[PDB]
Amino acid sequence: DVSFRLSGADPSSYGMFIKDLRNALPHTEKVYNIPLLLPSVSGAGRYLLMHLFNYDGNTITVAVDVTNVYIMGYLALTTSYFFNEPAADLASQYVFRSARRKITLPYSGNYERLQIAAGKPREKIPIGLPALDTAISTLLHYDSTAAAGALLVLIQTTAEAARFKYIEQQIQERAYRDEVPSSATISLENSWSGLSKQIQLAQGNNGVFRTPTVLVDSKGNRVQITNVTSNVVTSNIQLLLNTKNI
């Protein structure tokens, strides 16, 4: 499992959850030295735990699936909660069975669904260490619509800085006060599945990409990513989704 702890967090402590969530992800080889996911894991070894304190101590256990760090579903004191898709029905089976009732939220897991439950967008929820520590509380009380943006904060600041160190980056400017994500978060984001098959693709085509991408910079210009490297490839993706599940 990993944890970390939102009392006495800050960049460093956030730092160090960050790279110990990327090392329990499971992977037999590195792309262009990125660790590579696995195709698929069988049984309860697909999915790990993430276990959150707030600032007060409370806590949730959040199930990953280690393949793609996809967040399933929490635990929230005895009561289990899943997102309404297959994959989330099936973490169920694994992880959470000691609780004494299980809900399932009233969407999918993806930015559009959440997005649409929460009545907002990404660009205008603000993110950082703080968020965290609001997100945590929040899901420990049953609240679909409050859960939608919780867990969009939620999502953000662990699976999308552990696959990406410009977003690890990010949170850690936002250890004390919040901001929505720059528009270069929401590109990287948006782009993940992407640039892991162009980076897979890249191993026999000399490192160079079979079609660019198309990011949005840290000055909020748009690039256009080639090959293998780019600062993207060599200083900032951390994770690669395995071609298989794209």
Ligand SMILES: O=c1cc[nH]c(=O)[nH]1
Given for the second form:
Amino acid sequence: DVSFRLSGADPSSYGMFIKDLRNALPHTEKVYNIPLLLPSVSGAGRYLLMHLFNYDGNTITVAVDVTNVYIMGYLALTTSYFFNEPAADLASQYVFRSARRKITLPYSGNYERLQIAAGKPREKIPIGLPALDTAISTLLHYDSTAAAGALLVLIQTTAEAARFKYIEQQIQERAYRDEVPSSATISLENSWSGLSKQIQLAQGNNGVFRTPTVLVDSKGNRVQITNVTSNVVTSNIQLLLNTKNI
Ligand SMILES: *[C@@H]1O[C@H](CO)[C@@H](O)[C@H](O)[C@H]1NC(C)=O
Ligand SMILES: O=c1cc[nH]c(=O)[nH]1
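Please supply the coordinates for the form solved in complex with uracil (URA), as a counterpart to the form deposited without uracil (URA) shown previously.
Following is the full complex, with the preceding chain placed first.
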């Protein structure tokens, strides 16, 4: 399991949690020095448990699929909650079985559906460590519209930070003041599967992407990523989604 406490949190302690999260995801090889997530994992070993604690010390446990860093569902006191999607229903066969009741949320976990449920796109939702405190608090008691927004915060400040060093650093900058994600943040989140794929295809193609990936940069300008020498590949991305799952 991995844990993170908001009470006393600072950029250092958040970076320790993101490191723990990355290190809890199994891999058998690296591709261009980046851990390659596994094609498949059977049974309960598929799911990582993240223990998150708000400022007041209340807690949820979040179940994460280790093949793709997707959040499946979470436990809050004696109730489990899962996305309305087949991978999450499968997860509910293995995790949080001792909950008194299981609620299926009235959406799946992709950004498009969550944003519809929340009533707003994530361009307009501030993120940060204070926002993660708020999200944990919201998830403690069911409210499906509030939960969608909380879950957009939670996914960005855990999974997306684990995937991209730039996103981890953006959350660090928001340790004590929330701010809506930079355009580059959104770009990276949206490009993870594409990038993971192109990096794996570049092996066999001299480091060259078969199809270039369009991104927005740290300055807000629209760059084109064509090969493994790019900083996105050498410095930024930390985990690859296996092409077997693309
Ligand atoms: C590869 O990417 C680098 C870094 O972004 C860029 O300067 C260069 O033009 C690209 N090289 C090739 C061979 O496509
Ligand atoms: O796209 C998805 C679907 C489920 N859970 C996630 O974190 N992301």
